[PDB]
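Number of protein chains: 2
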Amino acid sequence: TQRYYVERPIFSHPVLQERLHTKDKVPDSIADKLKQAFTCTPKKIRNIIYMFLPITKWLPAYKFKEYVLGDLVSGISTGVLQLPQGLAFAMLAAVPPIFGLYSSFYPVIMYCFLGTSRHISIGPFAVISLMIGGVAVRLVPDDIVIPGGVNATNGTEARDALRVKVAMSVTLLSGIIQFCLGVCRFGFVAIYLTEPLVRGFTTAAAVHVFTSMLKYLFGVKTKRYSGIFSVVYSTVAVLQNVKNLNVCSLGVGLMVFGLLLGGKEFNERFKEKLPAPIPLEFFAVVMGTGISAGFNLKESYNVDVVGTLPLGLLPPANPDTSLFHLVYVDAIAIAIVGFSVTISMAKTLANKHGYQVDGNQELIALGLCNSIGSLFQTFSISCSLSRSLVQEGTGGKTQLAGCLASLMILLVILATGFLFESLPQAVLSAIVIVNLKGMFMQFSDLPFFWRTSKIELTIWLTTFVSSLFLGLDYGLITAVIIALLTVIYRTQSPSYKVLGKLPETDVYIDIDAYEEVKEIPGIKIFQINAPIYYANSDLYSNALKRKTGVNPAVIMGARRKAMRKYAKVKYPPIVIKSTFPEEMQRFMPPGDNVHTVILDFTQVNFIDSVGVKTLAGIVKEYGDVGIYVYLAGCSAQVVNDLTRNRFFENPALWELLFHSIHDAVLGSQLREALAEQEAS
Amino acid sequence: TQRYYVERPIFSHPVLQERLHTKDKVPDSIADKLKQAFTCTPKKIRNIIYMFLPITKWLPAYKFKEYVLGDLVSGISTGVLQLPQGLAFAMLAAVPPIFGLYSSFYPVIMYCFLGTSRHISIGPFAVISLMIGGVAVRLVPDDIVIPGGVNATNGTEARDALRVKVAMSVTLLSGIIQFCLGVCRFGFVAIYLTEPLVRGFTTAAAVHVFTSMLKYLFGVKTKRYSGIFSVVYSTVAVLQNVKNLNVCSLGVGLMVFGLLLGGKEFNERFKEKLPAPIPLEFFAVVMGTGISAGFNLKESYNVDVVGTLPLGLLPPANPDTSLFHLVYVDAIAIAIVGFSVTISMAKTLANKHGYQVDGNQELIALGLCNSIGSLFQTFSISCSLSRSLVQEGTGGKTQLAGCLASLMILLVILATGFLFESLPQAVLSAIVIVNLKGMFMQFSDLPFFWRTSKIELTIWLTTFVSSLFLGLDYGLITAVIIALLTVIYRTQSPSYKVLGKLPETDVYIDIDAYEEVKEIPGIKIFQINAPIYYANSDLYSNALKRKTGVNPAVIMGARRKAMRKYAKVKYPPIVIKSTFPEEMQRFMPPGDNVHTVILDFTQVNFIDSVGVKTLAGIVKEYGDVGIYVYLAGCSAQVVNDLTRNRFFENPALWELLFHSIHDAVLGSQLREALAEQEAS
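In order, the protein sequences belong to chains B and A. Take the first sequence: its letters are residues 13 to 580, 614 to 725, numbered as in the entry's author numbering. Take the second sequence: its letters are residues 13 to 580, 614 to 725, numbered as in the entry's author numbering.
Rather than coming from a laboratory, the hints here were simulated on the basis of the structure. There's no promise every hint is true.
Stated by the list, open to error - From chain B, some residues computed to sit far from chain A (all C-beta separations above 12 angstroms):
id : residue
1  : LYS235
2  : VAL243
3  : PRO291
4  : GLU468
5  : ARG558
6  : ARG691
Stated by the list, open to error - Result set (DMTMM-like, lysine to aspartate or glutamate): computed pairs, CA atoms no more than 20 angstroms apart in a straight line:
id : chain 1 : residue 1 : chain 2 : residue 2
7  : A       : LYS37     : B       : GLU527
8  : A       : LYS364    : B       : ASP550
9  : B       : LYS177    : B       : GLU311
10 : A       : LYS615    : A       : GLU527
11 : B       : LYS35     : A       : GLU527
Using N, Cα and C, we set each Cβ at its ideal position, and we do this for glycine too.
With the sequences and hints as input, model every part of the structure.
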């Protein structure tokens, strides 16, 4: 075996520096650093094509045997879920449901080629649909009359068309913003999305969706409220209007919701006995439309339905740029929220399955998809948590599952679009509610975060509160700001400890930690696990003057009191000898007689000018009362910062630095012994 | 002498822990921690009185011999400067100049008793006056007619009275806000005011004052613009209207400005030959009023003057609460700006003269002064940089200098208020401009900050730009946000280094730093001077995989390529043996054959859950390719955070920790030797 054995002289800063010679670096010119970027070698362009076109990468390496079955099952499962979710989200966007199915085909097909993640399900999203509906209602109210040859029997078709045009314009603007961010390499900001913030935001979004879905489930008309305090106003409005509910719609909604819960529980408890989960949502919608067609609930009980669905695709239409100045803020908010959600989902899925994704590529893909969808009459969409979870849980391995979902959506549109026109909205509302259980189950993190880290619990609660009461446009920004400020809070509240020397060794630990460390008499050691920046110097000084119990101010006051009671270019030395008479020292109150104070810098990352001034003031103040101060474990960054500042203007301060706490202690003891040598 | 000598066994985490026993702490109950707060001992109440009433402290200990002369000279010098500055600031507040002198008596007297700092000059301030004037104009335009018996010859007295009432109401609200903040111990936020931010804010405020003073100097009427892009609009407006200037006013202003510059330069170069500086501003105003009275410039050349000054004090008047809902934002902004400026000045003066101030006490004093001044017809004021500099430079030692200034201001008001009514505004504008040279000279910090620290230079430039173009209400907030974000920027860009062992010692330094350190073969050491929080884990992982040149992904790819080319409750062990045949190893590309990677945690302050997951993933990934990873120098905080998380669920991970880099290296070498013992 071997033992920790090392013998060396005391390494002060000048001694360490004189034994080392600075290495000569190789200057890399900017022109020379950019010249090789234009080699245009075939490998470089091939890599660029693969990065910009991920389809060319994962498609040639597609292993059919272990992927065809899983991709097929996952695609069927995600399509039979995207169709009702898309129809429900279309209603939430204040647009005809036919446009929701349109948004479920073009962006998915485009992302099957421009997408990097192979486990996320691109499609209609609840939050984006709610924001689009709110802005459409705000721009287009219910009191607009167009004399375009329409008679008095107005079916509000013009209002719906105007809302669709507004949605198309804002979608195009959001896509342009996303593409500009992607080409600007702005995707690096996704790292700021910590997991608790994302979970809290998703939970708050789930709460908003649940409280917005109440009106559809009950069937009672309620004004849509967008902005600050939207959730509370919406829920009190639906509570006040609950007296005029529809019995049939509520009953069928409760019945289908109970059936969905029973089927989901049965699938969960019979997972091993099935080769693939059965589509429960498809059975639910089939049952709902069959009952509605058989009993004619549209007029028999005045139960609202999804409405008519026109068939056939539409030719591309050029949008208009006359609405940018009205919804430019909302387009940016939609782009930010959608990009954040999709990048968070892609990152967590990549971590789960062991791969990587590129944020810039995702931004470019989202921008192109949104722009082309706007050209093809499709509103802005983003990633969906529940649908992606279903896709991954059913065996999703590549992006071909989304292509199958888009193909089957197109088939339904072209062939069986009329069959689903009689589906009541209550069934869709119940389907949305039951699929929301995954995000609602995330409330279990509160005890977990309470036990693990209270700071993360505070961040999660702040994010949830900000995204619940305040609008989602500013709630995410507020949550990000709070998360960033938590780092400042942590740096402003470090753990100050008094270190003691373990006997017969060189390990320094807290004096009040293990009962075996003995503090060296006459030496005080102070340690701070935080930087010395401007908003921390005062707290550090107070902690040093309090925890160590050595305050120069009170020492000077005691000296003055004892003196008054007993009476009845060159630089000066840093440490001034205590000119206190021995006779006066007889009336001096007893103390620890500390002669050396050691400050730990092993856990200091950087120091600013304010910190430099504070440290210089502390050193001078302690040297005035004749107490030596040495710096131990200073990193090269701290030394460089001190050199660039005016802290090292006096060459006599170079001897105050050391390399380790034990080295500083040995140097101080040697200095004391040498001083005692000439004493007598 | 002595040498660094220590012999000990390799201290792994279990070995260190088994040799130490946790100390039993003393639980301090909250009820027991608050019970002693109500002792009501005479010393405690005396200290409370001294803290709340600083006048009772420094007045009994007033040394007359060395303070009477200096305080007298400083008080005279600051009064003869506050009178013209107060008159000028009153005009900038869109209020009659008599109110400016009123603001120069009551708050100063009150602060002479409720103030802690003994070197700051409380009085009218340019920024606060400008904000008050802007809000008064915004609330009270020039198109308001009051049929209160006034004939067609309206002198706009009602408009001035309404503006005064608005100023009084906003001053009272700001004082209430300041008092509430003071009683809430909110003064601790003053630590966020770093020196570069304060200097940039003061410089931008000086620029705003200089560009606003142009209209008074020229005498041409110009609409006052408040809000965003106010400075640019004001300067282009005065440039367009410069064609209608007044020759006499501009000429006399230039003459008095030149005289002031000459006198200031003469005093600077004859400082040693004078016992006390002569009052130059008093001579300037006397000359200006004498010339104006002799030549009657009011009507001879249409030169505007300060106006009539009513005599006698006014009885207290109860304000109204009907304007809070209109200026509540502006009152908060005024309070924040004034408190920030005064606390910064008090802190820097305390540091210069070697004492301390309390932010909460300053907040309480400002709130009480503003509220009582509102009761006594006085607008909100704050500390002035130039006047405080003059007070300190003339020998200011206590607060009695301000009392003398208030007394002489009251004497002028009661006796010689009519004499100064003929003083032209050009003289006051020139006096303001010449006293602004101190803040304008602060532009020399740009090369200093460029050489010392580029980050502080960026902060200063950002603060200046934000407070120049954008409004001062939001410019300070933006500067604070940028300053806070600079810490995050520093933590997101650390300095990754590869460490090497100095021969015959235990000092590890950068391999490319001193040319003498030799890297130990087969061992990679990585060091990061930054935390491992959520917004830094990915960069840390990339740096570890790039700088060390040991990426498990490329290793696995090379192994697979070599294999394909040559072919033609218990837990698993963390490190998996490389099942690579020796025959296949013959086709394996050569490499450094690293068997151990050491991660430095001596400079790590904290790690979050995201960092814990990232570290666990890195450890597992490196153990998959059969590479050992050890953690060295982990602080108690990091160990506690890992324990609270799920990182230590497997007991086999406790042996991976160490106490020092050398200890980890010795342990790895011993493990390799032991493994080689059973090899053959």
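Each hint, compared with the structure:
Remark: the non-interface label on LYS235(B) is consistent with the geometry, its nearest Cβ contact in chain A lying 27 angstroms away (cut-off 12 angstroms). Listed as outside the interface, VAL243(B) is consistent with that label: its C-beta sits roughly 26 angstroms from the nearest C-beta of chain A, beyond the 12 angstroms cut-off. Remark: the non-interface label on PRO291(B) is consistent with the geometry, its nearest Cβ contact in chain A lying 34 angstroms away (cut-off 12 angstroms). Not every CB of chain A lies more than 12 angstroms from the CB of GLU468(B), the least distance being 6 angstroms, so the non-interface label is violated.
Once the 12 angstroms rule is applied to beta carbons, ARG558(B) is consistent with being away from chain A; the minimum gap is 14 angstroms. A beta-carbon of chain A is positioned within 12 angstroms of the beta-carbon of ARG691(B); the least distance is around 8 angstroms. Of the supplied pair hints, the one linking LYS37(A) and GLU527(B) holds, its CA atoms being roughly 11 angstroms apart against a limit of 20 angstroms. For the hint linking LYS364(A) to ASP550(B), the alpha-carbon distance of about 15 angstroms falls within 20 angstroms, and the restraint holds.
Taking the CA atoms of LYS177(B) and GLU311(B), the gap is about 31 angstroms. The hint is violated against a cut of 20 angstroms. The hinted pair formed by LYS615(A) and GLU527(A) fails the criterion: a straight-line CA distance of about 47 angstroms is larger than 20 angstroms. A threshold of 20 angstroms between alpha carbons decides the hint, and for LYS35(B) with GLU527(A) the separation of about 5 angstroms falls inside it, so the pair holds.
In terms of the numbered hints stated before, the structure departs from hints 4, 6, 9, 10, listed from lowest to highest.
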